[PDB]
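Engineer: Chain residues, written in single-letter form:
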Amino acid sequence: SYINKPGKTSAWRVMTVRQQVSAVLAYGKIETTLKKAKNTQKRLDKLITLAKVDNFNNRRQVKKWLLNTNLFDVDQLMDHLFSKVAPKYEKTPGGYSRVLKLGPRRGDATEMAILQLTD
Amino acid sequence: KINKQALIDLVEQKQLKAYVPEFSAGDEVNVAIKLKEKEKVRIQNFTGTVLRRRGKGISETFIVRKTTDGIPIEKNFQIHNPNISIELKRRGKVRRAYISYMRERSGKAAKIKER
Amino acid sequence: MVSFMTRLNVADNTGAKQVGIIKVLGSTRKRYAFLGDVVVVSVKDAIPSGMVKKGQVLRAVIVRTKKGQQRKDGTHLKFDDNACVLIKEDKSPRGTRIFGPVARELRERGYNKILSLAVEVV
Amino acid sequence: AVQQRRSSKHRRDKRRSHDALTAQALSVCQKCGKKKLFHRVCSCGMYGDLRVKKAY
Amino acid sequence: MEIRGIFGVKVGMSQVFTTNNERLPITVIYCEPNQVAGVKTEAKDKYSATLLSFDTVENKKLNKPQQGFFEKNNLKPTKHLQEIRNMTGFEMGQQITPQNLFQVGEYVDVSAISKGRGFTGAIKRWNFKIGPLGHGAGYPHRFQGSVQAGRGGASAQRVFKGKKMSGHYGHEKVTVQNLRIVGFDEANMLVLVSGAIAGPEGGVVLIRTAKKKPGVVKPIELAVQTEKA
RNA sequence: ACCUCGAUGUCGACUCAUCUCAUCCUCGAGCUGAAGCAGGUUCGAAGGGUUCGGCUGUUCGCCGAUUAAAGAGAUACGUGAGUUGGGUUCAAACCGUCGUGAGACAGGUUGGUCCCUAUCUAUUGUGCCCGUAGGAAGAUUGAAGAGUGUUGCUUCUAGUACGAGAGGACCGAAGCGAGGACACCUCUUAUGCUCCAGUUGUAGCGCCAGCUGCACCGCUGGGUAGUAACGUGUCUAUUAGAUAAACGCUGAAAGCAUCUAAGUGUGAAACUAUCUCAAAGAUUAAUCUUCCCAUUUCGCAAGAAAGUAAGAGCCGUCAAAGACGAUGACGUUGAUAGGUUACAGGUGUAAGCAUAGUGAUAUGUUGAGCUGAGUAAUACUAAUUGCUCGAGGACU
RNA sequence: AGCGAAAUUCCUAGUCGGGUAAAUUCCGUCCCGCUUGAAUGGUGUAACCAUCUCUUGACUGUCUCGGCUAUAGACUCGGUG
RNA sequence: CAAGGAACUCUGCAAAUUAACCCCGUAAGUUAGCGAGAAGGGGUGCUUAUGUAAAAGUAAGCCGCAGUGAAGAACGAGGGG
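Protein chains in written order, with PDB author numbering: chain m, 2 to 120; chain o, 3 to 117; chain j, 1 to 122; chain y, 2 to 57; chain b, 1 to 229.
Calculated from the structure, these hints are not laboratory results.
Using N, Cα and C, we set each Cβ at its ideal position, and we do this for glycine too.
Among these hints, one or two may not hold up.
Claimed, not checked - Taking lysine-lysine and the PhoX-like style, the derived pairs with C-alpha atoms no more than 25 Å apart in a straight line are:
#, chain 1, residue 1, chain 2, residue 2
1, j, 72, o, 16
2, m, 39, y, 55
3, o, 19, b, 228
4, j, 44, o, 68
To be verified - Part of the chain j face toward chain b, derived, beta carbon under 7 Å:
#, residue
5, 72
6, 73
7, 74
Whenever a hint applies, use it, and build me the whole structure from the sequences.
Structural biologist: Structure below.
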């Protein structure tokens, strides 16, 4: 607090969440912390379950989750996803993905978990 | 074990005004107020606008105001409450579900009866 | 929950407007007042058309409370205003022109001079 | 709020005694022939039947 | 003694209106008719007591010692097995309803371990006063004040054993007494009490007969909503 | 001047206080120049309690207010590795003084920098290693404890007694308090930083729209799960035993009488128990009972391989728990968390659409949408498919 | 002279009044002022003041009275130490 | 942080009230330069139409609970010394 670190705060966390959910869209794979992988995954499942009405309001809202990437954009990920991904997941009651327990970090020896999912 | 919490409503079913006249927390209502000093239920009406109104069962509550003698009368009641007969008379309008302004605002500002 | 060095109106016409507690009498560290409590109070606001000078100290009872106070029944009785009226060492008030209908959770504690001095009690 | 003496080795290690330790988790690995600590990936890239991870 | 006891679950807290047009504190408590597990005479195991078996469950969902003796005494397997002294007149394996143990308006005492508050401050554990702000207090603006116990080799120079100090707060068995019984529903195995009761939802709470007003059984009817049309 | 000057924080304030009772008040009693009432005197008698606001560094002092009281002493004038620092105590400036003057002034005038990271011990809370003497499982128990153990008022009782007259009881009943304390969120607050809403402009989102940052989280207002009192309930009883003072009875000495001598009692907010909690490492290791358990064969006899099956641990899904420990739940034979669902719930009619206005918007579509946390279901995902310990009663 | 209980008056918690429910500080009065006292000038002076200091409007978690959200730790890991 | 409101103290330190513009207004003193943002107040958003080159601004409509819509702005008033 001595004009030093502010550390971790909810806005920082939620910014990282939005960014890395955009990322996993671009990829379908993230190597993050479980405490963050699972945490993202609840909102992810929300969006998945809700994405399949497939309406322009869905467009305007899912707009609130992305940025510019090295790989994709809003216009590209959004479109590709909407085009092909959703129905293959429309039939199961939640739990769309898996966070699975890798080994820990080298930089901090902290347990890295991989968040992913396959049809 | 099997904690359902519907049981709350299941027992509330015994003291519930089945008709529950709707209104707004800015709606002008009146009520016949039972008056039994030690005897003889009389009716003093405390009309006025509902001020707030929350609903979850017997813990349904609300507030009503009058302005008499340059004196504001602000009394909170429980919505579900025996000896309380409710009449919605003329409907107010505000698109915010908890306000405080008219407790301290002058006249000539009545909102339209909801068309 | 009303205590010393809290000033409020003189809700009864005697010739004063404002008055502040100097002591909440009786029980030590009772340290609060509520509707129906009489305490001694110094007037700092007085007119010559009445009968009081600012600085007198007498006994008054609080009738209204911006904080309000709950009815026995449960109808959560409240006020927008903290008002008090002066009595002369008995349930006979010192002021008589009733400014708004007085509270009802006092009757049992007497005051019925006042509760009668009004076309309604609120 | 300070110390007055230095210590004698034995009591130091005694404090350090019930400063004791605990061991790793443990499971088996036959989806690739190791023994990982319980509830994790194995050495091989697999967390059970499929290689959930790359080679390295 | 005649200690009527019962095990429940804190499954609601609300308000209700009664005769004399007054609000009643309402604590909803889920209580099924339980079954004593064992009864001992003042001469059998040297004191007259009864342990009751409650939260009846399936057999193989508990320790095999405990289930083994359940079937050794051949009684219903209830995960909970808790005793009270002073009473043994409850025949071995007696599934019992409490409307026989408790009437609708009398007084009881309600033992319920309270909110586990974790570690606490004294200002809330021993419930002291907070410090002031002006004239300089610094970071130590909230501290135990003077705790000098002895100065010089003739005062104390020590600290009080058994001293009240903060620690894990709440979360030990405590009782709230003289709470009126309100009403029953054995059809719903449920009860209403008054009060403001230590403990969370989901936990089983013991209720003995009152220590102050058990001979006080006094109802005032619950006034239902009056006008309906 | 003993004893520390190669160093003893000493005033007051605030807090924590606590402790002695030569007790103020709350319990009782005794006696009265104690009509009542109100007294006095004397004691038993520390369970508890005994205020605030102004004047000055300053308690003390005064005051103004009282209430059961605002008790007196004691702890380094307890109490700064507990806090300030108001002042007498920094150099600094000045004034009355004095010195002949620099200077000095329990003379004043203006202020002038409080170090700590806990080694132990104490002590709190509590985790573990081992014990409690086949293993595992619960249930206890109570050695030894702790607390609470304060009070006022309303009403009758009863203007009754008493007295005379006013005045005004003795006793008991019921209530209402205050406070003060354990708890709880339905209220009511306040919070409720991923619930919602309006929401400014600036930089964004090819344009309208529609949303984003950023500005407290921009402002504003709500508000769920929960948090927390200012909220509400409970609580302040009652009882027995020992009794103090005290009053006894019988009955002496001292033909009597005498509460003592023997004999028999009675009698206080104090005491023991009654209430709560917590307890057998209580090595004092206690107790009840439950399950399990005995696979050829070595040893100054235990198992050389079957090493629980009773259970426990580790790992995990976790929450009421939770600094962590740990407590608890359960791990697929799974509902543990999540997701999925439905609802609650409140933010309080969404966007978009068409109508109208010129538009600021209204319109209807619309209780609409939404919903961090609630509720309750769904094996949809992860709670691993595992490993470790864990049996033969040696001996009275 | 002047001013006077004063930045300087023992007495002194002088006096009177204001102020004050109630004011060992204050403001105005009264002056046997222990040695006040006219060039360290007297006695005032409009303004103004990181000048003192009185009252007093808002204003207030300064306070009662206690507490909630967010983080910085502290707490956990792992390193360095 | 509801509710008061300084009760705190040796004392309102802190802490908050205050702020921008347009416009209104300001006491006593005072030496005449002030005092004086003295004191103390109102309007403030947009759609229109008008204002002109630009606008202060006008009127109408609209909308909110409320429009220096968030950033950022003196807090008084009197006493004495």
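Engineer: When the hints from earlier in the document are held up against this structure, which numbers fail?
Structural biologist: Checked against the structure, the only hint that fails is number 4, while the rest are satisfied.
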